[PDB]
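Next up: a single chain in structure tokens, the form deposited without the named molecule.
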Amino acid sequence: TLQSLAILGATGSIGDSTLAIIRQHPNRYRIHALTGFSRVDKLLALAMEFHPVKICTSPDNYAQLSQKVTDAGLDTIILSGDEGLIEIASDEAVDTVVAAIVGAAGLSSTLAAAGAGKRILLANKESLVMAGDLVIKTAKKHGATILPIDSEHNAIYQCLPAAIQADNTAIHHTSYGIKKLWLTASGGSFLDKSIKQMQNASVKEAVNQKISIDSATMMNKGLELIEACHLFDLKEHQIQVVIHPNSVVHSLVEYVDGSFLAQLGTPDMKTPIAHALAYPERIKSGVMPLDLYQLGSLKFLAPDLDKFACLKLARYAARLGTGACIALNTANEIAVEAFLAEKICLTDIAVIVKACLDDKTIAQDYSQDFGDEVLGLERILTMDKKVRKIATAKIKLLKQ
């Protein structure tokens, strides 16, 4: 029963929560490897505590990290760059990979873990936005098990029957009676602000960091919707969004008899991570539990899609397939960076995304099979590079 873990992106929030669970349950989990691109001193401290066989950092931090490791008298193998992540994720001594590297940087190690038949605790939604068919097919072919540890998707997973948890395609058997998935969304910091205040928002006002902007625009939720389409083997029409500012209800599953099953909790990521680590069993997580007696009013409302145009664009991209999802994701990234550099305003993010989605040169690639086992990854990366250039040019076209 003891699982050997590799944590890909071990120095942030997911890593903290995962390691805290491991501290509490040494008979079930041990650390084989940890990675961290930027936080050399924290990575070193984790290595001194957990004694991983291997760690990996960025090529630029390799010399520094290796210095510090040898100063501390540690026997650990270092590793750097994309191929170090792949090595760690595919290592025969690893049972379970916690995939918490943000963005496109995480895609090739996630594929390697899938290709090696690992249990994958998935916290890197961009890998499914960019490569969802390829990732899911590869995992299925090699017997890798994907468990979502994002809050919303973990909640949905908990609220589906065991046969559908084990085989996502079973959702299409009518006898299970899944009618719709419901993603909850906090609404972000402009939920109670006008479109005009979005238009005029300063960077300071928008963050309250890529992640905060995506939450401000609701692109975060649109990317989650795409992710859900893959994880749960559904089309976008079968996944609806409800605004829930309290973030107590983490998402819901609607059944054909009228039952809505939901998972509720606090924001502490130990909850979904413990659920996924122990699955199909459950374990103590150490969280301060939700206090039902001390909840404010829980509120729910329809999302305003005229204001949150990114969510609408995500849903269009989902219908068009992986090529359009890559374009959406890549254009959004380049537009967010431009917003942060004060080159465009917040409401112009959707404008750049739409212009890329509709661009005939991009759209000509939508019919490619980005799920192709041999050609898929190169097609995905080629599409990303092409869209990055075009999105940059649209920003200039707009601001000229």
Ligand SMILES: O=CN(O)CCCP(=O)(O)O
Given for the second form:
There are 2 protein chains.
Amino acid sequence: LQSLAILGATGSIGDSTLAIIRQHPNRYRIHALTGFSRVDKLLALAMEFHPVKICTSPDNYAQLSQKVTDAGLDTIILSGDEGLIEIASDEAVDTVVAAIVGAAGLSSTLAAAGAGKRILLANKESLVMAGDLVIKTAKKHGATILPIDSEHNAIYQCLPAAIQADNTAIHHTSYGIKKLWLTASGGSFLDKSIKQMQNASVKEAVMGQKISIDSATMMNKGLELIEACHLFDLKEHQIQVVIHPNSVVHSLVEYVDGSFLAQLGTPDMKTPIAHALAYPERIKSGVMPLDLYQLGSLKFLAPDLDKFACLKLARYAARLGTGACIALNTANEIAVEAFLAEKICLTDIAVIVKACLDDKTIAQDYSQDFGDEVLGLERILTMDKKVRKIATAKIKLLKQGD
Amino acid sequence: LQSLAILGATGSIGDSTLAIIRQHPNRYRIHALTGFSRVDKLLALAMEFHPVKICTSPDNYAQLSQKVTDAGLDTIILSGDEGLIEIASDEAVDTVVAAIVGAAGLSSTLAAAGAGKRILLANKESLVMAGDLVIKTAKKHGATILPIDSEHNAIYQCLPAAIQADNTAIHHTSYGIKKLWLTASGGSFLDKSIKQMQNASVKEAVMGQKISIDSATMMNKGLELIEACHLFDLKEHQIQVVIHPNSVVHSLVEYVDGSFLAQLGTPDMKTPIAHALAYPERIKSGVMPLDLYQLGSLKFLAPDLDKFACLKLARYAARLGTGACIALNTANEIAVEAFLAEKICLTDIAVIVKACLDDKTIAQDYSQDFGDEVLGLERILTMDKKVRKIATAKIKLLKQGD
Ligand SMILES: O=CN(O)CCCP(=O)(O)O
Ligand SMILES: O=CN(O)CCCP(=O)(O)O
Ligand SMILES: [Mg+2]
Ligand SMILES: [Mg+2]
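The form solved in complex with the named molecule is what I want next, because the block you gave corresponds to the form deposited without the named molecule; please supply it.
Up next: the whole complex, starting with the chain shown before.
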């Protein structure tokens, strides 16, 4: 079999993954699961799969330990940064599913990499924030990364085996990769006007909120752009976007003979997770298959970059390097929270992000060696900390009109 | 480099192929070209590429030899069945492009197979008429077959390398192939009624007339169905059809996790031919790439099998085996000629084909061993000869009302 650890097990990615595990008892054993906030769900999961370890936040450690004992469970309870690292570097773990969202997840993904683990990557931060470092660390120690997000996974499925196994192979001209194409639904304001977009908020949210806001601004796709440059070892000019409201075509690889290879699917994350889990093999995933007879019509159009400024910004960030990508993201974080808490207009998200990318204070730190074996991570998190301060300030100043 | 022979070099497939050759002098040398009717074009081609051999029909051998001499050309002139076989089995030929359409091409494709040649298959008859024999012969002697028709080539691109190399691997469950999907444009009477379809003829004809008629009846797709069963080693139930009027999606492979892999392209045959030529490598093909920004909307719907009876018939033929497939095709041939010469209605094509599949006279020969190393080919051509007689009779009887 294969011993698994799911970092961030109480959300969507966790549900989908564990559903497959149930259908495949004989292939995948759970060794560890984690959850920062959702203690009862974490507990429920623990009672079901009997993991050798679990981890939660520092604040919840005591309650969780008390609960774990009140249930008569053999399971070790960890907490915080340290517990994530232990689980990700554990010698009894063969495969890690990195599903923690946010800067708090980097150290464990880096750890899985350090320890040579198979990694099923399911958060954007690992490569948006720690791009060079994650990839360098994986190569050095022989980790394997396999993307789970729908777009990256489609691209990965549509690339020849040699490039799947060694992403730097994409540069040998014989494989004839010309460019990658990311599809994007255009979010909830595709058909609405530039003027209707300056307004809120249940409208903007209609399916998690932040990610749904990112879909409506198109920051999600810029982020995926930055991730793709690292995942598949390209620069941004080689990766283009097409809008595709239906979201049936998950992405495409263009080859130099004119062949576009593409993955089509439903939204069900069990498809990409099953592919990644069983790679190079395939297994039943338990999804309701896409019905080719009921697609009606798949629309495609060019992205309106004036409306979708976050996408231009992200590409601008990708050109500059790890520093501005750190800034792009952290700023988006603060700016999205702001909109959700009704402090800004939807269109200000981009105004704010731009302001931070340009800030003289932020730029002095771009030239730093964020890829460094030894101080890389410190410098990333320091940069993250700095940009929240500035982004927060920026939101303040925007409101008065500065 | 790689020595090539193009059987049937004066049509579309020939043009497209030779265009790629020109862009790639350093990779592909022409050793032979053939052409049954188009003597001057054949000659023009000969004067350009300086082939070591050419072949034409028996009737045109003399004029062509005279012309070849009047041009001061070193080239050997062959003719008929024998000349095709010589070219296809020639030790100086590494790769054969089987582009001859019609029963007259089988012996040379079998010969290429017998001699261990790489074959770029570009006619339907080889597998529709000589399915088991072609595939058995190729395996025994180590020929490699690579389809060039747009649908089969898309499927082939979308199948893992091990199944590309050995089509019987599609049965190991680890590769997780669930089913193949052929796309079909629905031809020129998709939106028109069952009643408007009973009428002709420039309408039915708006590549060639026959193939365009086959598109309008959907016999082309039934034929492709039968070919796919042999190419990819499946039975017909495992291969489904979806109508797709835009013809951007050339076909899809469905995997057990819900992943549909697909090839998108323009109609330009240089795409599939370049893929097949360079396999496993890729090369520039010289096409105007598909423009993802100008697709507007790709429609998909289920095939209307009442209107598209030829498709039901072909699947019925595929169930029975090589005999009924021979009959299906030969009958279609005669029935299409008939329509083109204004002897029948478009809808009678299916009436006629059905009549022949069901004919007691034809059925006695189904149980024959059409796959036999030694008498296989004789029995196929004999069956072809027989079905023209019957189909011709059938057309006669239909007109009076019997
Ligand atoms: O993996 C799926 N997503 O990240 C959701 C994509 C929605 P979008 O195409 O609007 O970015
Ligand atoms: O490869 C190209 N063709 O076979 C033409 C397909 C037209 P159709 O889908 O109507 O059979
Ligand atoms: Mg995504
Ligand atoms: Mg075709």
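The term rigid core refers to the maximal set of C-alpha atoms that superpose within 1.5 Å between the two forms. Residue numbers count along the first chain shown, from 1. Only residues modelled in both forms are compared.
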Inset, instruction - Superpose on the rigid core, then report which one of 200, 169, 238, 189 has a CA displacement of at least 2 angstroms between these two forms. - result: 200
Inset, instruction - Could the core-superposed CA displacement of residue 382 between these two forms be given in angstrom, to one decimal? - result: 1.4
Inset, instruction - For a shift of 2 angstroms or more at every C-alpha, which runs of three or more consecutive residues qualify between these two forms, with the core superposed? - result: 200-207
